[PDB]
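So this first bit is one chain, no partners, the form deposited in one PDB entry, shown in structure tokens.
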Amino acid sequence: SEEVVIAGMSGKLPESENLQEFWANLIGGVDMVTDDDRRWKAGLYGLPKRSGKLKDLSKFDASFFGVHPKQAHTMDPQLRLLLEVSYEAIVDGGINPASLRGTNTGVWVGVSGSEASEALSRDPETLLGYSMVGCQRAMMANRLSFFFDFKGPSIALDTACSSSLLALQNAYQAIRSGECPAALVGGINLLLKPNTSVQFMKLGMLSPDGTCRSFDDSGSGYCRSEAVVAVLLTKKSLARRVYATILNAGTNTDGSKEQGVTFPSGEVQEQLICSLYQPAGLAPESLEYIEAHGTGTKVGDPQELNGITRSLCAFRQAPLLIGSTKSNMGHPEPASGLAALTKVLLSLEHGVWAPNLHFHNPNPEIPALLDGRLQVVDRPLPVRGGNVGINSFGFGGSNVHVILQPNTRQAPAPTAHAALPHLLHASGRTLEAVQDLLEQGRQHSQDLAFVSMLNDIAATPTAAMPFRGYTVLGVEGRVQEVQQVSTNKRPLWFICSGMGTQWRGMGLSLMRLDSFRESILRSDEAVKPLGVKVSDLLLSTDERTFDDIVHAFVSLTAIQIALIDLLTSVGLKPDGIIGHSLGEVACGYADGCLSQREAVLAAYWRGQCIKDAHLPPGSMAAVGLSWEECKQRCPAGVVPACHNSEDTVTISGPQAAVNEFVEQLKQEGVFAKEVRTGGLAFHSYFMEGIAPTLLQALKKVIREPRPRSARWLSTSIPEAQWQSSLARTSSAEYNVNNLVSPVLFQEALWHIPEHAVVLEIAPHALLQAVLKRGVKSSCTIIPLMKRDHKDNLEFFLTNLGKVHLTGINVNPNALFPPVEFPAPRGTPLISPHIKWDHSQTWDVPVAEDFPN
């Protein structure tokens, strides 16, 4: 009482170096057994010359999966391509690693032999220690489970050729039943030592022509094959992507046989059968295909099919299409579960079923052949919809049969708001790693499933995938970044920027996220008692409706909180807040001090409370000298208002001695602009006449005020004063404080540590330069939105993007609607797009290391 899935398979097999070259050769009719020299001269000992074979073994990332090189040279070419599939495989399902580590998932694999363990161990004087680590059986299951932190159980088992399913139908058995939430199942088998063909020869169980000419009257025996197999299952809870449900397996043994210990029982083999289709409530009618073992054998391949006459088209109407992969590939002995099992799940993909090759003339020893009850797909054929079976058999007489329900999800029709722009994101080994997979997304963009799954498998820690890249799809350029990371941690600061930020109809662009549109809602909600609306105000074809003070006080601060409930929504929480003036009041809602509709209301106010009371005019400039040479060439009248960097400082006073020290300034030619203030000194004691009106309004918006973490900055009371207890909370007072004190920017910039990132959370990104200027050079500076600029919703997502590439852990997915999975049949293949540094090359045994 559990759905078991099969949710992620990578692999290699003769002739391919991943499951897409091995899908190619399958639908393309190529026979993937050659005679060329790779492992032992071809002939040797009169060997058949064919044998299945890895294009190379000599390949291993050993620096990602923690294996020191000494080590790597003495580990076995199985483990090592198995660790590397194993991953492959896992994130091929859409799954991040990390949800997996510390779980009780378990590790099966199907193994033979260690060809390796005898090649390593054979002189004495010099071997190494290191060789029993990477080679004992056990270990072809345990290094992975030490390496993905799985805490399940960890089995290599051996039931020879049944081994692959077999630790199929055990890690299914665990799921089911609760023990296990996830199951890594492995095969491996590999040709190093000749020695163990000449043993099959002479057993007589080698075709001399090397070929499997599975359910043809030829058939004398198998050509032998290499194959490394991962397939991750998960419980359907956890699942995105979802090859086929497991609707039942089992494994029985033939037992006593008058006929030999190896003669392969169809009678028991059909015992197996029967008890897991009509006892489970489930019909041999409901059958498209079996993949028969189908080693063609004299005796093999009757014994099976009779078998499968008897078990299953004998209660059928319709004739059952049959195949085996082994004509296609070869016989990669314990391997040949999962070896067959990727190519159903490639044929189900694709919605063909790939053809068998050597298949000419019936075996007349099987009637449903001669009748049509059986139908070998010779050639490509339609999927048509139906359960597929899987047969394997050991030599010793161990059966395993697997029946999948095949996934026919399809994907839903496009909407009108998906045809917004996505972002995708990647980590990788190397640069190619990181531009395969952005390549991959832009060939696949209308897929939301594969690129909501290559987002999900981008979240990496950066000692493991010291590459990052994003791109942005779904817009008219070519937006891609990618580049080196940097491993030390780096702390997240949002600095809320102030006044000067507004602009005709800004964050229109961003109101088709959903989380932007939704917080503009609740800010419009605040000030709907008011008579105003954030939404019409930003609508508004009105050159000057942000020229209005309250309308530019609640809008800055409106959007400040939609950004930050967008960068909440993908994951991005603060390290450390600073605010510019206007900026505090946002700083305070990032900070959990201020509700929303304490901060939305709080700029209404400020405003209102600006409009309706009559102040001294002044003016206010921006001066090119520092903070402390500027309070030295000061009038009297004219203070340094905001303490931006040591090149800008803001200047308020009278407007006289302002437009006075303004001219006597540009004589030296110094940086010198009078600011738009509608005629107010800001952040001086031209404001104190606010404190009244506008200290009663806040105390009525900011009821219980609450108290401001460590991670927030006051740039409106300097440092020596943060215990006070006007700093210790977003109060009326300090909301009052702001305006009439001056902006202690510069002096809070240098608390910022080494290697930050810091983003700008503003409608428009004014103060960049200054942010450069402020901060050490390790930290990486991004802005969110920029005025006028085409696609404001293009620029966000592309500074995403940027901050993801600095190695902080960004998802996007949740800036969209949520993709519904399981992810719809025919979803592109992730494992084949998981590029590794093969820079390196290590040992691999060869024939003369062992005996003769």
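Throughout, rigid core stands for the largest set of C-alpha atoms superposing within 1.5 Å between the two forms. Positions refer to the first chain, counted from 1. First, how it differs from the form deposited in another entry.
- Rigid core superposed between these two forms, residues 727, 274, 72, 630 considered: the one with a C-alpha shift of 2 Å or more is 630.
- Annotation: Cα of residue 616 displaced by at least 2 Å between these two forms, core superposition.
- With the core held fixed, the Cα of residue 639 is displaced between these two forms by 2 Å or more.
- In the core-superposed comparison between these two forms, residue 660 has its Cα shifted by at least 2 Å.
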Contents of the next structure:
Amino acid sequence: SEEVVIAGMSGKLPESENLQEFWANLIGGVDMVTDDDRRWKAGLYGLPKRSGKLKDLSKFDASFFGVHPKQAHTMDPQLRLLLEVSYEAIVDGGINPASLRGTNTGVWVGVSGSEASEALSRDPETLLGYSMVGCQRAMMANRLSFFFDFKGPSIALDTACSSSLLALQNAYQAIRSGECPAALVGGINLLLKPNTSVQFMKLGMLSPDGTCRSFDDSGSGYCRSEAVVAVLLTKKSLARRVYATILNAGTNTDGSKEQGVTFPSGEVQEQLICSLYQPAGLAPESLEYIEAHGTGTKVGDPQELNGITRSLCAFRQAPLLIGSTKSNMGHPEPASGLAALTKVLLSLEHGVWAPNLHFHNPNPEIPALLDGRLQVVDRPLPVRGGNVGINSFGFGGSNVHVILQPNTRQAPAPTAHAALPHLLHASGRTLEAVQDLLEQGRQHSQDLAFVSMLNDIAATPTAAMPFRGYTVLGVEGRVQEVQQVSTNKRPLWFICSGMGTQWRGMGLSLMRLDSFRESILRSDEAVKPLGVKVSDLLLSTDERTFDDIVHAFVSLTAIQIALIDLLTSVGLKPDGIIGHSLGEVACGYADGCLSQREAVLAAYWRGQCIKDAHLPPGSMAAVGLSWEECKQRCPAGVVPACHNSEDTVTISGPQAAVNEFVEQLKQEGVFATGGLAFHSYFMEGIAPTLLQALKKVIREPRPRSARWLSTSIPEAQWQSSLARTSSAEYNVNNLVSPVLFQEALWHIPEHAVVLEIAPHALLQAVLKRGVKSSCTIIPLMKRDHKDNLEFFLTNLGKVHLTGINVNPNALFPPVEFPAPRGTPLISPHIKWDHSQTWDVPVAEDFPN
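Okay, that's the form deposited in one PDB entry, but what's the structure of the form deposited in another entry?
Shown next is a single chain and nothing more.
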């Protein structure tokens, strides 16, 4: 009531294009403060040459954010960057942004400077109205709320250095209280305007060396720095990834102080800390590490650390580890808190505290550094376990402290079926975007949570993310396609194929998959009282198992049902359905006419009734002749049985006549079963005995829907009493009547996606010829493929490639969240279309 977690993060920091580059610099002891001329000539107005600066301000994937180019060029680069970082942070947490649209999710952005607004409003003659909508401080929050459709609070707040952590704290209370299910929290700072650094210099706040020497005797001021950081908070119930749980957080203010408004009151800071620990059941003994503000100033460092000594150290046996991210990258003013937060969370996730720079000699006014009660993290130390504190104190006296509980959940042990292959989808703005996400999958193909999260974020509108891809994890090579999509809503068609598609040990492969095996085990309950188990048949090693015509009819249709069950579980419902032979039983299941039990028995009795009449030897053959031209040339006894295409027709009749009429047909160069002759007169013998058996199984005939196109009954009689329902009468009719397949294939619309639901994809050949050029035709199993699970997965991948959304996670047992600690970061692999590049204000745009 209610637990609040840090779910996702991203950022741009000095010399750090994303949080991965940031971690690299932290743990590697790189100093991200630089002295180049990026923002203004170094030395200008006597300023320090050193400051923390972002690599680039010019990039922004404008069309993704609905920004036309004339506006993009007049947005605060703070905002352009924050839009990307905010998206990065939401998907970092395994969360599809669509899941939060329309919700009362809040946005709080800590921000102290609107230097671009100043620049872009300097000339009345030429300025643009829309510059306000891209630059005014309120918009730093409001444009986020607008893009993401977050209808909770949308506030830009300024408390100077504490602004971003105060934003965290405000968001935290909104979630704890119930106001908000989640919150996007931002911190931003840019160094565009030199006059600002001069004001700070003249106040005595900036060190000339341009260095935050956190805790050192040598410390003589702070280094100004840039940062764009965002973090997603959610209530625990919505989280996938969880970096940490926020145990507590508050703010107070120094109030009145004899020494002046910018003198930090260590006593009041201490007061804030004290109010948040022991009074809330949280012991200072529980802390492992505290991230101090640590700007490295003569006055403020001792105030702060001595305050820590009195509020926390005094109630502890063990030394308290202390650090400050500012030693590494300088001080990004209002973004300081979230910048530091990312250091803490990256440190926790990697198991190692990233060390401070510039700590050579403890400040002698700070007893606890000299007696070892505080221990500066000055080389990488391993994370021993414990809660974490964060200070962020602004120069006007606004103080904030937050207490974190790191997530320590470990990966599950691999089970019997983590050995399986998995499927990974991706969407993206560019080819590289998709390539990178897929590569990350390949590199962490065993991290079930990581893959589960990547799959959740892949289902996106095709307008927004026009590139898709898939790869199959857990198999020999790089099995991968990636391609651009066009935004046609591509309609989905199921084709259930007939006999001929059986084979030796089919579905031995897919029985490994728990989801498939369950649809087989449910088909077992339909045929247990009749002394047969489909599960045994599929798992059988016996060469001859499927020779028996009941073993074949039941196994063929039980596999079609399992394939339909999987396809359903991943979110595919068909726009149209078409059968061939025995496939019309499976179509009935796909249409909601037959239950599972009904359809499996309609295959058993269809097979049992034919086996028991020990009929004469018959034969069929596909032949290269049209429909009307088969009736012409067919010897007596042989009839055209299935209208596959304009060129292919399958004929049916007695073995004698058919084997002869085929050898005489090859001798004129023309294209040319179980010893049975389906869809001929031969089965009118079965008609009455079947009708009776299947009247006992299909008691309550349910209507066929518009989506299912019949192949047992021509278009002409679609309206009839027979065609209304999937009755026992409908089924018998299918057996004797011809299969009018090419008849239905005319109806398939442009750009459709056609799925051949069968244990072997026999009709691939026919469907290409029968269906429009645009349409893509996708098999699901192939006969004697080394591994059909791989095959199935690879072809689901091809469906995702079309623009239809597919979520593979339902194929495998669901992952238990929160994700384990150490689950790889997602934010750094979200890549944008930066073909771009956009205007950025420059020093000469401001007064001198």
